[PDB]
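Enquirer: Given next are the chains, with one letter for each unit.
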Amino acid sequence: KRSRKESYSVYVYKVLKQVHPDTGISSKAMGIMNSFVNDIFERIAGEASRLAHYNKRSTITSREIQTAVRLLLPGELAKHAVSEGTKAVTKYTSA
Amino acid sequence: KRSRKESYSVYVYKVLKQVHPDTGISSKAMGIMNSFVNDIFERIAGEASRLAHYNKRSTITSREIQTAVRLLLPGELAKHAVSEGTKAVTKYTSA
Amino acid sequence: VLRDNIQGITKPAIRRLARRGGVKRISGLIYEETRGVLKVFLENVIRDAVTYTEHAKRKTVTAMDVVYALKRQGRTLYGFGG
Amino acid sequence: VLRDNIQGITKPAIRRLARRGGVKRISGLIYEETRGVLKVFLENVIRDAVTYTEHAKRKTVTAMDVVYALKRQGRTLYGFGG
Amino acid sequence: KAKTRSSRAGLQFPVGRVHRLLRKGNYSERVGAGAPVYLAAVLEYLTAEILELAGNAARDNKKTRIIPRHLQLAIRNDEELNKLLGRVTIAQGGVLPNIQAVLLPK
Amino acid sequence: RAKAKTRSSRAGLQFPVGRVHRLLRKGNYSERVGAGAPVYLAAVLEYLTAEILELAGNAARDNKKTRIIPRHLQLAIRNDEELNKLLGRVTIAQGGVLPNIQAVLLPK
Amino acid sequence: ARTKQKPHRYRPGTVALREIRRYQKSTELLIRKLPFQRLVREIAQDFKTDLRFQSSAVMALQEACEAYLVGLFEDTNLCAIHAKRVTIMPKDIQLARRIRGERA
Amino acid sequence: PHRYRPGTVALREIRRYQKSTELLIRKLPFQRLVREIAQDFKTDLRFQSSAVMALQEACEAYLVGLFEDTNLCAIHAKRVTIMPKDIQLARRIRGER
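Chains as they are written, first to last, in full-length UniProt numbering: chain A, 31 to 125; chain B, 31 to 125; chain C, 22 to 103; chain D, 22 to 103; chain E, 14 to 119; chain F, 12 to 119; chain G, 2 to 6, 38 to 136; chain H, 39 to 135.
In short, the hints are calculated from the structure, not lab data.
Please note: incorrect hints may appear among the correct ones.
Cross-link-like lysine-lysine pairs, in silico, DSS-like; alpha carbons within 30 angstroms at most [as the list claims (entries may be wrong)]:
id, chain 1, residue 1, chain 2, residue 2
1, G, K123, G, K57
2, D, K60, D, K32
3, B, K121, B, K47
4, G, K80, G, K65
5, H, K80, D, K60
6, B, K35, B, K58
7, C, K92, E, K37
8, F, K96, A, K44
9, C, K60, C, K32
10, B, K47, E, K76
11, A, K58, A, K47
12, H, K123, H, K57
13, C, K80, B, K35
14, D, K92, H, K80
15, H, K65, D, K80
16, E, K96, E, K76
17, F, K75, A, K47
18, A, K86, A, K117
19, B, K58, E, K96
20, E, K96, B, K117
21, D, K80, D, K92
22, G, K116, H, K116
If you only want the chain D side, here are some residues facing chain H, beta carbon under 8 angstroms, derived [what the hints assert, rightly or not]:
id, residue
23, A34
24, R41
25, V58
26, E64
27, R68
28, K80
29, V88
30, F101
Have a look at the derived ranges for each label pair, beta carbon to beta carbon [what the hints assert, rightly or not]:
id, chain 1, residue 1, chain 2, residue 2, range
31, D, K32, F, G38, 46 to 52 angstroms
32, H, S88, E, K119, 54 to 60 angstroms
33, H, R50, F, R72, 25 to 31 angstroms
34, D, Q94, A, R80, 18 to 24 angstroms
35, E, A46, H, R70, 44 to 50 angstroms
36, A, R80, H, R50, 47 to 53 angstroms
37, H, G103, A, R32, 41 to 47 angstroms
38, G, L66, E, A46, 51 to 57 angstroms
Virtual Cβ for every residue (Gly too), placed ideally from N, Cα, C.
Produce the complete structure using the sequences and hints provided.
Expert: This is the structure:
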């Protein structure tokens with residue numbers, strides 16, 4: 031089949047290898063994680079698009095993403111996720 | 031000067047004067063009706079866009095609207111609404 | 022400041038809310054429970070309303086912020102704009 | 022043309038499903054109820070799956086159609102593609 | 014000499030405005046020619062349905078003007094609309110008169 | 012032309028910023044997409060996956076195994092509070108359930 | 002085949049049913065505006081200080097709150113009848129909220 | 039002979055079937071039932087294997103959750119046996135009926 035099916039297997043495996051060095055993962059578990067990543071991605075993206083439509087904007091920015099993360103995740107998760115996102119962006123722009 | 035607020039008041043009033051030719055309507059009731067129309071519009075449009083995405087199409091046609099109506103409305107509402115939409119499309123393209 | 026105010030939701034008001042729900046006899050300890058659940062619901066909604074408001078860089082909480090915060094929890098509300 | 026086929030959900034299978042739910046004693050009339058509710062749930066999901074399938078102009082029901090029909094009812098399912 | 018599209022289709026709801034809302038709403042890259050016509054037709058149908066039920070509810074209450082209480086009665090007394098608007102709160106609509114059987118005196 | 016450095020390596024991430032950018036573009040979310048939106052979203056996704064994977068790996072090692080199976084993901088999700096609230100309406104294939112028996116069903 | 006083709041006192045419980053009918057006929061709001069407004073302001077203040085509210089915002093909040101509580105009381109009444117009672121007790125509220133999924 | 043008192047084997051089964059992850063309904067009867075149900079929306083339908091597997095998974099999850107809620111409504115009324123009115127109450131509160 032000519033068509034290719036991009037997935038998140040290799041990135042999830044990199045994350046796993048830095049988190050738990052000597053633990054494998056099954057194929058069914060990898061499919062679970064793939065579905066999880068896609069689900070959370072589309073949740074955040076939909077909320078960002080909504081709250082950009084409300085404010086008569088056209089661009090999806092870091093601010094829209096940060097507000098969507100604050101609206102979707104519970105307390106401690108949202109706090110840590112915001113920390114990670116801002117750290118990444120400030121490291122990026124100063125590169 | 032402050033901008034104009036488009037709404038559905040006049041068309042709802044036309045439909046009302048068609049079904050009940052001698053009953054008025056309040057203003058809070060008209061607000062409820064505007065909110066109802068907007069909510070149902072958003073629901074159908076979102077479903078149609080999801081459908082067009084799933085099938086790798088880049089166009090919303092009357093077929094997508096019809097399938098979204100079939101998915102969203104319950105029971106006989108679906109039958110009658112499909113009849114109305116089909117009749118209107120047929121009359122529009124016959125001219 | 023603005024402290025206390027949860028006892029401002031008096032017992033007759035809760036009895037009225039129960040009568041509209043069809044309740045015929047009410048216990049003695051349900052007023053505490055109702056105050057607790059009302060406080061929880063209100064915090065959960067107001068957090069999101071304030072989030073929307075401060076994203077828009079405003080200081081006034083609009084009614085649209087409230088209807089959005091409600092819609093995002095499956096509690097759609099008709100008749101207040103939108 | 023398949024017929025009945027609903028008594029194929031035997032009584033031991035329902036007893037197992039209840040034991041996994043933590044039930045210790047089971048009545049005599051819950052098997053009818055469980056068959057009824059399973060049939061209702063299945064019709065509600067299969068209708069939407071078939072709708073998706075026939076919109077795509079296919080004759081085979083894919084697993085993605087099922088996970089979509091499930092997602093559209095607040096029953097998201099991980100591990101089958103998507 | 015320029016007819017409207019809703020007049021060409023025989024509707025009361027506007028086809029041009031619905032077309033514009035579909036375009037600028039970020040739903041798809043292109044929008045067909047009959048999508049707004051179909052959508053306006055079904056919107057008008059649902060509007061007329063609920064308005065007729067509410068007008069009957071207003072007449073049997075000895076009134077000549079629809080209020081939110083009548084919309085609530087009309088919606089909650091019909092099965093399909095109660096399925097469609099089951100998770101919706103109508104401002105100042107009240108509830109349905111209903112007392113359980115074991116509460117009534119005997 | 013200078014030697015290429017990818018965007019993820021600039022942000023210091025393990026998830027693809029370019030692919031996330033392209034998905035945001037092609038997804039019909041807004042007519043324009045900023046520059047830091049994919050970086051932010053990639054960092055958030057990486058954080059969440061690392062959280063779940065750490066929990067599941069601990070649950071597996073506590074079961075004296077080497078590889079993670081969907082049962083371990085279920086046991087990790089349902090045993091946390093915020094993760095369980097984020098995934099409350101999600102069914103995990105072959106995940107099973109959480110063992111608990113009510114206190115009145117027990118003997119005596 | 003077929004071919005079928038000495039002061040007057042009401043007994044306890046009467047005024048309750050009279051009130052039930054009276055408040056299921058009406059549509060007003062059952063809480064006073066001022067205490068509810070103060071409660072909303074206190075909560076929002078411990079979220080983010082120096083806030084302001086339109087009037088319609090507090091009205092929307094009051095409507096949503098009352099609708100929520102009325103629905104909760106209906107479910108509580110069913111859960112009370114299920115255990116062969118007439119009095120609603122806190123455990124019925126807890127059961128209804130747990131089954132709805134609001135707590136567990 | 040050696041007998042177990044009523045309920046002992048029930049607790050054993052509860053632990054055993056909560057420790058496992060396998061499916062609890064047989065595959066062939068469920069497949070026949072799914073095909074018969076779909077026979078009313080369109081004739082001459084084909085199913086993938088994964089489609090029927092997904093349907094079985096979702097159905098079993100739904101029924102297990104319903105039985106948890108039912109057990110709650112049964113313990114509420116000072117009972118141990120679950121009865122059809124318990125199912126009806128759990129489904130009414132949930133909003134299904």
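Enquirer: Does each hint hold? Answer for all of them.
Expert: Status of each hint after checking the structure:
1. G/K123 - G/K57: holds, 29 angstroms
2. D/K60 - D/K32: holds, 15 angstroms
3. B/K121 - B/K47: Since the Cα atoms of B/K121 and B/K47 sit roughly 23 angstroms apart, the hinted pair holds (cutoff 30 angstroms).
4. G/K80 - G/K65: Satisfied, since the Cα-Cα distance of roughly 22 angstroms is no more than 30 angstroms.
5. H/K80 - D/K60: holds, 17 angstroms
6. B/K35 - B/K58: Given that 30 angstroms is the threshold and the Cα spacing comes to 16 angstroms, the pair holds.
7. C/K92 - E/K37: Holds, at roughly 22 angstroms.
8. F/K96 - A/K44: Roughly 27 angstroms separates the two Cα atoms, so the pair holds.
9. C/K60 - C/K32: holds, 15 angstroms
10. B/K47 - E/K76: Satisfied, since the Cα-Cα distance of roughly 16 angstroms is no more than 30 angstroms.
11. A/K58 - A/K47: Holds, at about 18 angstroms.
12. H/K123 - H/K57: holds, 29 angstroms
13. C/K80 - B/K35: holds, 24 angstroms
14. D/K92 - H/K80: Within the cut-off at roughly 22 angstroms; holds.
15. H/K65 - D/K80: The hint holds at about 22 angstroms.
16. E/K96 - E/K76: Within the cut-off at roughly 27 angstroms; holds.
17. F/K75 - A/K47: Satisfied, since the Cα-Cα distance of roughly 19 angstroms is no more than 30 angstroms.
18. A/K86 - A/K117: Holds. A/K86 to A/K117 sits at ~28 angstroms (cutoff 30 angstroms).
19. B/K58 - E/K96: holds, 23 angstroms
20. E/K96 - B/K117: holds, 26 angstroms
21. D/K80 - D/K92: holds, 22 angstroms
22. G/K116 - H/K116: holds, 11 angstroms
23. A34: holds, 5 angstroms
24. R41: holds, 4 angstroms
25. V58: holds, 7 angstroms
26. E64: Since the shortest Cβ distance to chain H is 6 angstroms, the answer is holds.
27. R68: holds, 6 angstroms
28. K80: holds, 6 angstroms
29. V88: Interface hint status for D/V88: holds (6 angstroms vs cutoff 8 angstroms).
30. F101: Given a least distance of 5 angstroms, the restraint on D/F101 holds.
31. D/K32 - F/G38: 46 to 52 angstroms: Given a distance of about 48 angstroms, which is inside 46 to 52 angstroms, the answer is holds.
32. H/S88 - E/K119: 54 to 60 angstroms: Holds, since H/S88 and E/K119 (Cβ atoms, about 57 angstroms apart) stay within the stated range.
33. H/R50 - F/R72: 25 to 31 angstroms: holds, 28 angstroms
34. D/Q94 - A/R80: 18 to 24 angstroms: Distance hint for D/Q94, A/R80 holds at roughly 21 angstroms.
35. E/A46 - H/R70: 44 to 50 angstroms: holds, 45 angstroms
36. A/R80 - H/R50: 47 to 53 angstroms: holds, 51 angstroms
37. H/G103 - A/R32: 41 to 47 angstroms: Because 42 angstroms falls inside the window, the suggested range holds.
38. G/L66 - E/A46: 51 to 57 angstroms: holds, 56 angstroms
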